[PDB]
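The chain below stands alone and is given as structure tokens, in the form deposited in one PDB entry.
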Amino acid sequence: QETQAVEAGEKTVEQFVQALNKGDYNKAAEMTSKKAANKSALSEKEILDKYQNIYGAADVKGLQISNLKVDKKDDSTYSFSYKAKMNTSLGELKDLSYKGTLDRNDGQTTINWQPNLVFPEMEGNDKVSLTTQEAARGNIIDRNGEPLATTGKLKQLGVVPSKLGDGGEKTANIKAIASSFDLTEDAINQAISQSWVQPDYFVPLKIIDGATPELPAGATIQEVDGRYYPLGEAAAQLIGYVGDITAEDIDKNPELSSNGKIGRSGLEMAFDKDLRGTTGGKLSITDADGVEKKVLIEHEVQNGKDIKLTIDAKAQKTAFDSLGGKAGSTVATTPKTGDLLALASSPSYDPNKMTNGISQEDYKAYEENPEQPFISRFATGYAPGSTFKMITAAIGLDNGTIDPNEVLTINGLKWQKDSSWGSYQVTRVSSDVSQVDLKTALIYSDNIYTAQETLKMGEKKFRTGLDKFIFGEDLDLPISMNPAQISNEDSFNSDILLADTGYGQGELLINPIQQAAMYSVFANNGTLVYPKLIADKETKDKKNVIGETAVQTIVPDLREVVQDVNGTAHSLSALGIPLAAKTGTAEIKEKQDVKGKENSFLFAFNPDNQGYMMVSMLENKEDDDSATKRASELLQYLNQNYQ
């Protein structure tokens, strides 16, 4: 029964470590011997309190042991020893050498508990102290060092209920404050009326940006430090925001500062580790006289690193403002390198109001806006619309299905292969041109031409051309997204779905960033250049996506999308800048709608220098609205600064 008792001790030690690992300090204490010399040093409840105070002070998480040995030191007392490691608010404590003894009384093996089982070299009434220094959060900057996310001094407006009034003069000063700072009068009274307020306390109200006006009776400006976003809502979905760190955050990662901020969405969350730095300080053991006897962990505070983006701050603000608060998104790149210059999504939310404590109704307004400003539309999969005719055309030119000079005879406004298609009709906007070749189809955006050429091409050849793109690939970007898909399954099993896919509808799902990746072939002679968001990242590409001949056939036609008097983007010819473009619509029918909606698209790049490329979309567009109707300002800027 000697080998069985060694095994019972090994079991006891492992159960002890498990109860500590799980934070159940009570169960760990109920596995100890009685309080006595050469037994347990403290009682059960005293062991619970010792672990709860000490392990809680250092935020000890996850105890793991190794090299466990249980031998035999006595007839009723067995000696054990093991290595161990744990995680604390100052990092990982490794190579901890624990030792002790067990007790075999009756058929129960208990642990002769000692303070050396809290931390290795603790005796009797030793204490533990933890000193920490907060790490300052890093900055997020654009391609020219402009601040996108930075921490700075903010002016916090607040009122003291004492210096206010008693009744009549109180209500007067309140309304004066509510008018002098664009605040609700009921909000000021609701603020000073919460349970935490004392009559002399400073009750904060608002973070005032700009210049402080006149301060009426009771109003006082107080400087505080906090995160600040200069572009505001214009970059909210991309940058994100930070919020107060909670107890649940600490239970998940103790190396966070329980007093600091954590990124909740966007890049602030994607690069939270790099931006937050690492806490500095010292975890030490002292004797009962406060004399330090062992330093367990000690390292200096390392501030957070900066993150430099390919983003252009002026392009980001121009791209967002051009959407007029309507639902949509705009992506701008330098297509030869993939530098993402702008990632705008509209409508948007205020990230400064978000991180400076937002009202609960103001949050609900964001959450119940039917346009849903919280959506990162540049990372959300959409059907690319009839813009996708470029890709289907290039595939058709590569496999010899499409002769650029062959003229299909197309009569009327709607077409279908036969009657089996039922209510599905491929539609075009004009019946004035019945002799349609490739150049005419691109200039006028003729879906009937594309649907017929797609059908003639066939599913196998269509997919062989599509598989050369980035469908199914996870882009190497710090933005949450799903890979693009051609359709739901590997086979269309439907001529309708095949034709619908031909001009960018069907079950296609491609987010705006993935779209700009695919469309970059027309600025790199058939080579796909993967988009890039981090400035120092190396350019990556994929070669022979479409044929070099196909690019040389299509780009001249895309020039005429702008230059021709009846080209779908002819209003951009006014710019007087070299433009190759392609408009598009995607027909959407969602359950809540009786009538169908459509998304408006624009693709455009500089065909002379290949310096920029843009893909804008309007989601559920209103009547008399389009993406190309809003692209003049951004196109002028991109042409001037990116050649």
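The term rigid core refers to the maximal set of C-alpha atoms that superpose within 1.5 Å between the two forms. Positions refer to the first chain, counted from 1. Compared with the form deposited in another entry:
- Looking at 125, 198, 405, 420 after a core superposition between these two forms, you find that only 420 has a C-alpha shift of 2 Å or more.
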Given for the second form:
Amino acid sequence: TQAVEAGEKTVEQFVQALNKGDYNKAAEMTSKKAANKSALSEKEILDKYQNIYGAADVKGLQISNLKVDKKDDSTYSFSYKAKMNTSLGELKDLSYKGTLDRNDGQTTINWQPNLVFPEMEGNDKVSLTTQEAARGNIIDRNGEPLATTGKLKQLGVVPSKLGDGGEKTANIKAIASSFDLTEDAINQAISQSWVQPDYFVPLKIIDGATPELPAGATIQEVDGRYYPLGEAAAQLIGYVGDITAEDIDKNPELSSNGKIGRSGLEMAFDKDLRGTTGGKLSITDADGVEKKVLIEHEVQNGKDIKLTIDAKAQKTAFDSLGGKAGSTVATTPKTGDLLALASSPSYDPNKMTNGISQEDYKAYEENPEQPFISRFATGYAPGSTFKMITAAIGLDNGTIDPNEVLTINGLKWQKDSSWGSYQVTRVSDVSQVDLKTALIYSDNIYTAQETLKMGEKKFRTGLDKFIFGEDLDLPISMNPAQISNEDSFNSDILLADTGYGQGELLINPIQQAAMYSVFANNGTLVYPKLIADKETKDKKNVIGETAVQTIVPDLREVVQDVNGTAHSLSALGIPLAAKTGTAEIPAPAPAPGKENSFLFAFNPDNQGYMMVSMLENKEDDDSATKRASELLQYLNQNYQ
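For comparison with the form deposited in one PDB entry, please write out the form deposited in another entry.
Partners and other molecules omitted; one chain follows.
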């Protein structure tokens, strides 16, 4: 019975070729054209599958429940069931028939129409009508639009209504001087390869008032994706682009005429936002008369998505960065609601999703400050803000006495002579330094000595209670925060640097706002939350409640004391508990070192808001504390 063994392989070899998209190789393992064999030629079957399976974007043909027999001398009948994925979802429970033929020694298939779809017969045709689904909206915690689809005023020119010569050059200089467009770019689009003398060539997108129209300038209304806050949330929201042929080859349930998320939340939530395509896939007669319907369902528009983001806080946080490199994260620390996730510099998502030049796109990628980076998801060394956690660990294990006063002389210190030339450095030469004094002046030497006194085992014991190595349940690509490169410092120097927020620490701004939430929840860490409806998740007993009641009053003095590093914030007249930081980054080539300014601040009275702002590669005299007054006033007013 070794004949049925070769027959099951012939059917298996045929389905694989169809599944692999190679229709020619599938057509070669069929029999010759005859009434008792195949119904079409090899090149005729190739065009049959390519036209039909291609029009429906058939992908992932897989079979099951195969049964091969032997009816006559060389007529071995076979049957199975199959399923496939098309533009309108999955087509399951398909009953296929057909027969085989094993003359000579090879088992060829007697091809028939019913090997394309179960009920195909002779010269039956296939039709596919689809209704595209509208993309869902992205909204803030109060329903404000962050990413919607709407009507736009598109500026464009037609070469015929421009004129002939001289008069045509004058309007090109007139259209360029009325819509903020380059005079050398109007002809760059008029003289493209696709242009004809009467076509409507697009130009710029008017995002407000429609000015006067020179000779040969029409504004047509076309619908497209629109981002109200613009660059203020471009990294977080992202942008959508035209769907390509390879996008369909990867997921046929898309829409060749639709838009797909290319970055940010538009890409992370692409499935829930794009919806599902409607329409029907049916088999018709030889004359086009509908015979059998294969797939059909209504068009379902995309779901809206409500974020915890405050649209007003998002814009204020971004604008406060003045276009400099940095990022700001604002939360309601008791719940974890991410109120703002700003990153600067940024790109224009409206220009990105509508029409953008290869020149402006190259300016974004070749910009050294890298406007495409989501800096709120980029790991940094936390700097001196991390002293709050090193101190709280020292209070939890009894290593740090808040009233114990260390005697530090000078601006440099080392454990012993084995450290060589390296020394911990502080900025203020305060002789008598206790915990409160250390947090006010941000004393690295106090922090380094208390860290070395604590020891690595006790230090990591307190550190592991946080979220180092954890993957936050957020729709944002990020790497987990890390304490060091390996599970052991293996260096007293690296142990000290980690104490005051340097060393090999890597914590992104979002993870910092999560780790620092303990000081607004009596030692309970509250995980951040971006989706409004999602349930609040927390982590009990990260630090002791005694340490919180000890450090938070000291953090008030970082603002209120005359020599506090955040004393400029006392001008606000609002209850503030803050901690500043300026992390130093080593330079590759012999170049001046780069510095990163940091600011942590929250309301110690009502715990209504908490923020963590930073500047990457800060300019001189620039800082995050310098720019925080406006956002702090808003968060204190609206989030209590």
